[PDB]
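The chain that follows stands alone, in the form solved without its partner chain, written as structure tokens.
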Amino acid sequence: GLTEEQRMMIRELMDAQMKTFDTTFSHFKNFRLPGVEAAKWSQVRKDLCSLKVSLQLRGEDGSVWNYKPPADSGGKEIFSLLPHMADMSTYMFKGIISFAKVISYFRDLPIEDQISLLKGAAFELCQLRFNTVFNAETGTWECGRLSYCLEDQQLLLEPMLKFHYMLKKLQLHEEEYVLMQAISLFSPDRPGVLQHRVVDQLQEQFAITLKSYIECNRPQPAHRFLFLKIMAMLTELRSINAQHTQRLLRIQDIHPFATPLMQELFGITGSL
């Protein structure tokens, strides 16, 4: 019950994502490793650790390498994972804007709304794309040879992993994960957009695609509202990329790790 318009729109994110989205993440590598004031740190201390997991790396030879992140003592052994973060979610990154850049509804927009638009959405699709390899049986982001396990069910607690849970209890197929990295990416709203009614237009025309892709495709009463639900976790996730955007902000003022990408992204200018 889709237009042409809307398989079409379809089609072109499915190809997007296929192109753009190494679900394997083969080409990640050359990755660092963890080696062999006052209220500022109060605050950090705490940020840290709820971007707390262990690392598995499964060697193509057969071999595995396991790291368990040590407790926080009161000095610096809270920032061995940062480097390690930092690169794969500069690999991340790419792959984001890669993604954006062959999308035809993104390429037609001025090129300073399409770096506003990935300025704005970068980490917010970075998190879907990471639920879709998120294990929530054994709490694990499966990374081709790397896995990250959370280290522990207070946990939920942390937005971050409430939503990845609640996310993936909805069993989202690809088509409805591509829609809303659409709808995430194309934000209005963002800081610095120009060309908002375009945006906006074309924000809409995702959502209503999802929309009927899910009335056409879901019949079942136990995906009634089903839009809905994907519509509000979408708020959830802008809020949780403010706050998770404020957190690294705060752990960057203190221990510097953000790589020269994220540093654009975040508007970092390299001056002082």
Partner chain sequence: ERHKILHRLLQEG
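Think of the rigid core as the biggest set of C-alphas that the two forms share within 1.5 Å after superposition. Positions refer to the first chain, counted from 1. What changes on going to the form solved in complex with its partner chain:
With the core fitted between the two forms, just one of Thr235, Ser26, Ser63, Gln246 shows a Cα displacement of at least 2 Å, namely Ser63.
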Second form
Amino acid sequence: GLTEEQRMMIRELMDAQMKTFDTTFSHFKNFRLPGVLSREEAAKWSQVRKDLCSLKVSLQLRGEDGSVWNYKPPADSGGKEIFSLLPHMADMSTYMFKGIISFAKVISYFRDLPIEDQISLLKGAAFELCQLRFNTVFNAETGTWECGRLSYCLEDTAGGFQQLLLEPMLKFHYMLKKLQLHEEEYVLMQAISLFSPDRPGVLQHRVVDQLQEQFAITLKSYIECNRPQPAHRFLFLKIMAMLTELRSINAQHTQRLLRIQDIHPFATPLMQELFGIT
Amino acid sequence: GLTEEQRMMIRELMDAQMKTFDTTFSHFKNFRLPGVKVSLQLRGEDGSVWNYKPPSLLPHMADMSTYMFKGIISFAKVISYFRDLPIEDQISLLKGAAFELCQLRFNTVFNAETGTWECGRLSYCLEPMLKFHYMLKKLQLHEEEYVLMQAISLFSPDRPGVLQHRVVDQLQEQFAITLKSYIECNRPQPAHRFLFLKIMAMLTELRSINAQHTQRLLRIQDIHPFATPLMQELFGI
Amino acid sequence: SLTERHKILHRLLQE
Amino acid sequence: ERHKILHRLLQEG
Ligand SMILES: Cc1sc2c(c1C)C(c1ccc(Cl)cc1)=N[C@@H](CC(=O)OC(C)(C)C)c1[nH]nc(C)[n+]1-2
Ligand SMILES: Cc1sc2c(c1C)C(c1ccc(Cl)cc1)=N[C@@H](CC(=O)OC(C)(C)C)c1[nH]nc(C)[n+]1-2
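Okay, that one was the form solved without its partner chain. Can I see the form solved in complex with its partner chain too?
Below: every chain and molecule of the assembly, starting with the one above.
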């Protein structure tokens, strides 16, 4: 069984999640939407095109009457149009980041850390925790993140499923969903991600490293206690490998975000702080 | 192979169509939108598409119809034979033919393979009205035939309130004779057999569809208000 | 007669 | 001051 120190750890993480994750997105109310009836510089525009072509999503808005507005983005012509979704996604990301900051704030182990390490941990893990929360609303049968009345649908092409697996962020979401994790495993993953001692700017490397290990030990014990099936022999290491992949996707997304921001400013004030944009 | 009077008649009609039919809906603006069974697609210049799937659309359609009606009033005003009529007969003629000329203009953007009226920036995807549209489209009419059908409908002497019946009747006959001559001298392929008489029959069917729609809307407006001020005038509501 | 009941239509025809 | 919004969000209850 789990130790009571461990059962309480999970209880505090789960209460934090319940209080700070708007799973129905019912309080995401104000956001921008794409309009209705709307040398080195050129090399930078080229790379950003290849960044933005990596993830093609359509936006679905479902009304309370059952009607649906579907937005299909334009195909890459010669500029501007490739950015039509960026305001909306900035508002969506900023909304999610506020939720992650609120999650970290209610964790005892986080509040007790020096504030500049709190800031450093959040700047390094914000995208990762948002993606972990996004995985819980990912419908792998429809390739859709179901965000209440909003839905983000992967645009299906000629290659089908195997084409989507070419994008590391997409392969991440499919592979994690297949692990069929419980809410408790998800929230422990978020804690291990948040308390990464190796983020830039963390001074108390040893304290965070020790806390990260206690979350990892609690995750290992939870799996042993509630999933005794020999089918889950390596589940814990499989989760950890997903976290290693999330760090690589985090680095690539940061680099991509920065390039897009250079040629077309979109980041909200909170995003600017999280990503180091002046 | 037309007389100059007839060849001129078609020129004025075709120039009027070109100047008053916003085929792309490029100037349709400030319209109400569903949620803000017809499916609506709104296409931006960038190639982006907003699609509305139904479960509310009536306000939008009233705005779109009124826009089309404005184009049809503008069409009539730029035709010499219409402008020379007493204003009261101009009004009576436009009240009786507005729905018909809009449906004729909508038929020219109708795609019968998809059941979609493709109006540029707007598209409407899917009744005797539907039947009319599929049957008219099958005739593969030219712009010249459509615009003459619009004239024959516009200059209907039997419309309620028309006073100069004979003037309007003699004008209609001259349009109908010009249509007949156009087809004989410009369309010999056997698919277009009896085309003139077939068009004249479609116009009679459009007359009945117009009657049935007016009666429907005169009753619905009592319960659900949607008609724009101009629609209320045109349909006698 | 028709002119006063059709003020908008009359306006659009005149303009 | 580089993290004014983050500081405020962490301070609030
Ligand atoms: C404007 C912004 S802000 C942003 C993104 C964009 C585009 C992108 C993104 C960036 C680069 C490329 Cl090439 C593709 C997407 N991803 C989202 C994740 C998301 O909200 O999308 C899914 C819901 C998972 C589909 C995200 N997380 N954190 C941030 C800061 N962003
Ligand atoms: C609210 C309104 S106002 C209206 C309509 C609706 C719905 C309908 C209509 C009414 C009844 C059904 Cl059974 C179907 C459509 N049609 C339009 C024109 C239209 O949309 O044409 C195509 C369909 C594009 C050819 C039209 N013309 N004049 C009027 C008064 N209306």
